Amino acid sequence: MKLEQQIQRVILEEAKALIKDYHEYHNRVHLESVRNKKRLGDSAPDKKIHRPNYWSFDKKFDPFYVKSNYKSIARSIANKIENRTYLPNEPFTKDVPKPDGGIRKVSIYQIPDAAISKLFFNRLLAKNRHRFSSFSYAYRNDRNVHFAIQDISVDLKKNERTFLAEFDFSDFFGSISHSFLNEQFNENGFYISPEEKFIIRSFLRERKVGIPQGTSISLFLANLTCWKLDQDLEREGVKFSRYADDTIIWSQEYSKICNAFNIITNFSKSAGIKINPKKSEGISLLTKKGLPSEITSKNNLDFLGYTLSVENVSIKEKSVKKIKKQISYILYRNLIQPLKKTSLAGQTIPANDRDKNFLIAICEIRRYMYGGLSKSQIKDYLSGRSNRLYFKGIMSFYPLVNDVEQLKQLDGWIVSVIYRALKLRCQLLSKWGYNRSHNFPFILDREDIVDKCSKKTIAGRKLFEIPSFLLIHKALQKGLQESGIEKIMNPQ
Amino acid sequence: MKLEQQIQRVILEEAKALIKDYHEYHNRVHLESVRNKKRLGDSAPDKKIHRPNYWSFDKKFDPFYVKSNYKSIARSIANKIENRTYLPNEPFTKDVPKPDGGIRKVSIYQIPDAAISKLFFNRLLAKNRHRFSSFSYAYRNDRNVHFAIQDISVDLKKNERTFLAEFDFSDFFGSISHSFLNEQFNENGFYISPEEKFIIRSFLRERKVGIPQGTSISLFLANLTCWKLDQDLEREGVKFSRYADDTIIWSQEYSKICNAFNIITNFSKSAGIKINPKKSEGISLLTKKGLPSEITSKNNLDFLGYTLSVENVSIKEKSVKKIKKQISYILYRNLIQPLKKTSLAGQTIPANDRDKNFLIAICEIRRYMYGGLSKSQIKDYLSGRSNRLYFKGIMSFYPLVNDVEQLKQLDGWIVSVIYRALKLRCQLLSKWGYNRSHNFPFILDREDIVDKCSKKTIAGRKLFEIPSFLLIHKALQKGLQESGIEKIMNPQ
Amino acid sequence: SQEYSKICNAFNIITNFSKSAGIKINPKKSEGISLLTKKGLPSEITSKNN
RNA sequence: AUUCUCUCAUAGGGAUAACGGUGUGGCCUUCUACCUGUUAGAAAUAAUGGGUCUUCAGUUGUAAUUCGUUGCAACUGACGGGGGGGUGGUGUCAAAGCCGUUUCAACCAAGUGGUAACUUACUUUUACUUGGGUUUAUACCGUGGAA
RNA sequence: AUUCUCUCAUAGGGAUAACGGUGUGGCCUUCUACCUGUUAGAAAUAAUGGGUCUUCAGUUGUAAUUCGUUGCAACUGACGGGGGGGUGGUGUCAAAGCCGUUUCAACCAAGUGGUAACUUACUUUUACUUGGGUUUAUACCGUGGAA
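Residue numbers (this note's numbering), protein chains in the order written: chain D, 294 to 785; chain Z, 294 to 785; chain W, 34 to 83.
For the record, the hints were derived by calculation from the structure and aren't laboratory data.
For every residue, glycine included, the Cβ atom is placed at its ideal position computed from N, Cα and C.
Computed beta-carbon distance windows for the label pairs:
hint: 1; chain 1: Z; residue 1: 380; chain 2: D; residue 2: 415; range: 44 to 50 Å
hint: 2; chain 1: Z; residue 1: 672; chain 2: D; residue 2: 777; range: 46 to 52 Å
hint: 3; chain 1: Z; residue 1: 597; chain 2: D; residue 2: 415; range: 29 to 35 Å
hint: 4; chain 1: Z; residue 1: 597; chain 2: D; residue 2: 661; range: 52 to 58 Å
Produce the complete structure using the sequences and hints provided.
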């Protein structure tokens, strides 16, 4: 087919995606407003509906208007791409620096330009994916972080002490030399058509150095420049794994890991990229616990939310603290916050050994960790009674974790936090003039919360059971050997 | 879905494929019989239709009977796979030794067993393709011979002299140790379910050593055993490319290529495979023409139908001789063979400057080399007037050839052979009593055959033009940079 | 030995033999890799005199 | 109008008012061990209502082997953090320590110079919600029309 | 029966005779520079019939640059093997050589001790045929039924 049919179909799909997202967004907002009213009573605020503020800067940002007039835009763009006159329109770049983080300025392009960028990125990736290295895991459709994690986990067990080099790059996207970039189009066996070359050069006219962020065409150019670095790194004879601008190298020889520094420095001098000397760790020796070392040594390393070691693979401390933050905020929101207002008009007071708020908080925690599964369904999957199960929780993002002790400590932390939150709720209810210290669940003790909640039934469903990380860990371990990583892992 | 639906669908597709092939086969036979009658006149033999002789050995070989009764076979097999009682039936192995070739005994299995083998091979390949090396090109759906050819062609240009090691293995499939094979299922991070282990072991019960040939389940086991060999070969720091049991290694260091021999020997001792000392070439130094060498040296090497060198990539001599064989036989069949019979009853004698046999031979040659394209369509593709063209000829099997001189010599050989065949046809027609030495095309000379045939028209189509390899080479070169290798290459 | 790489390879040989024979080394009575020099000479890594 | 047209087609002109989604219910079919109530009615079966179990490592004693690890009874071992105060053991020449009872803390806090708040929130690889499909049953959410 | 059923389901029982494909034509739509005949009829356009062109490297002289390589006239260089005999050049002190005319060979054969045959053929990575789709137009090919 001609280029105009492809532009028309890509533009139509892109336009319909934003409309679907907006239609789901305002319905979620209405449902959450209704539940907030039922929770806060008469103290709930009013519902507010917002629209993107950049939809009014230029008419072409609005997906409804783009969809209404897509055939003419297609026609025009096609003609100007066949007349060598096309030029992307200036983007909207409101991104600004954030505390403790890089500015990370990101540009948002209009729908026709982003559609052209994605269309021309897909064909280049399809034509040239077979000439990339097997140790690059970013911006591709056949590799993912979990493959690098599995490769490092498998390789580190074999030996007892290995050397490691960790280095970082400063301003990766904004420091690529244009004369360098243009010289790689005729090397390593790549296939770039003249029209594709034109389209690529059309996106760099405004700048004098670096490549734009926020667009899909720069993700191929990001992997294009490191082909010689990966070629020389593999020729050296050391193992490595690179994701975007973050890399790690390990080897058994000091001389080999010293030569890897010279290779990295030579590539940085060739491409004009300067390394950051404040976020780099350098050369260190990783050994098992208790073994002495002659040089600077460490026991574990962090890589993309994981904590690799000689023995086990665990979750990073920052991600653990964010899980604790979300669970604690859910309990505080559903138990303590409503009772701190000026008046209790429209609220509901627990009575007759019933508490809807505790059930709601438990259900929300179960939806946050499991995703809605029950312990009976999990045990049916484990016993082989059933042969189908879905993974849609937070644990789906860390399927390679095999550290039981950390999960046990998280379970004990959850139980203690729940007990103390219920104690504070009881004290606040006593302060308001209601005494419910002899009713469920305020009467339960810490040592019997799980056992007593494991029995209470409602409508034939055990809706009061406390989720455990160990059970879902066992289910993930069983499903990994029967379906694979790609199937088990989350789609995002 | 359950296992029975998958078995039912796979069996049905396999059964319908043979029926489609047979229905196309007997129609091709009838058409060829009609044309043979019109060509040989009254001396043509009678049409004969055959059936596979092994269809009567066991009813289950017949696809019509299998299709008629597929649901019961599905049911049964499923039940016995869920009761741990399944066992493949003995195959039919009529393959025998051939002169100048290995016996290569091949077993044909029945449809349900081959369907189970393919079904269980597909899921294993999907679950474990990400743990294979990037330099293995056999029995996969993401790598092909042409990728290895492009990698060697690109790498050899950079340097002027490299060392090479070429070695071969004797009886690869029939010498794998079972105790070795069973020990690799728990290493390198593989994922094999217990049911899959059962199915695998079910196909090796009869033998005491080696794996069966002719089935789809052994193609995964072929790539499974060489994981440690490829791991150590990549750890050494040398380049290589392995396809099935054939491998090549090249490097810049004598010590590195000497260590590659020790790695190969250690792997052969570990797996029990013995190398053949009569089909191996050893260690040689490849240099450019005219440069002296201190050790045994050569100028080019052969790999999978190609002839690689420092400068160019050409076609192997054996494939060139087979192309010449096919062209010469086509000309002999359509020009000389009919006139050597006892009587010319029912034949047609050329007259009034007309010759249907010459036109038929030219059309068959064009279909053999191009596939039916015309020089006007090719020049339209080259000039950019059109933007779509198909490649369905013999040249589609060698798209990376860039040796113009060889194609020019083949063109001159074609012209000379055509001229001499027409001269012999004229002499035979003179011997039968007809003098046509002053009529087209017997009057044309060698130096004007192309120029005169390039003008004659019939029904507005230049059906007498002589095909040239250089034009299709230019079209292949242009299409490679605009669609890619996967798209241009043949589907087989 | 006189070479750091050679004394680093000796560790891999010892570890491979321990894995082959099933013997496990004790990490509390071992001293590791150290450089022995004469008294008064500086060292770049952990050093001892006797 | 987010619906439909028109062409000079990253724009401009007409014509019609509806056009996209969410919750609940329905239907379609879809992977499931038992034991018991009350119904119905022939135990073909249904209909509903209650309760239990599922994992791993062992030690066996044995069958099977296809010469192994297997399948098995029976067995026994696992399987929900940490911190600050008080008070008994038992620790020894002192002691560490090791035992368990009783209190305090919504979380970061096993800490800060000091400790409260927050989810349409906050941010560097950092994000997702419950087998599908179809329902002019049923109630509502953008934006229009009417007013 | 290769069609449909039935269950004890790698099998066995019934019932119906049609069931799968190929060539040609049709239709649907699908990527295409011109110049000319004769038609038709208004040059809106058709309908058919004839003929030419398409690639790469240069040298420019110049415009554009977005500071380059570009786009351009015009230019000139490419673009269909080898072998065995005869005979002229020109080779030089001889000579190699280098020039081109004239004959012989269906291919392997630029070779074998010797050279004919073969495609439903022969064989180690070794194989495929012409944008699709739909046509109870039209003629035929397996296997059934009828006979």
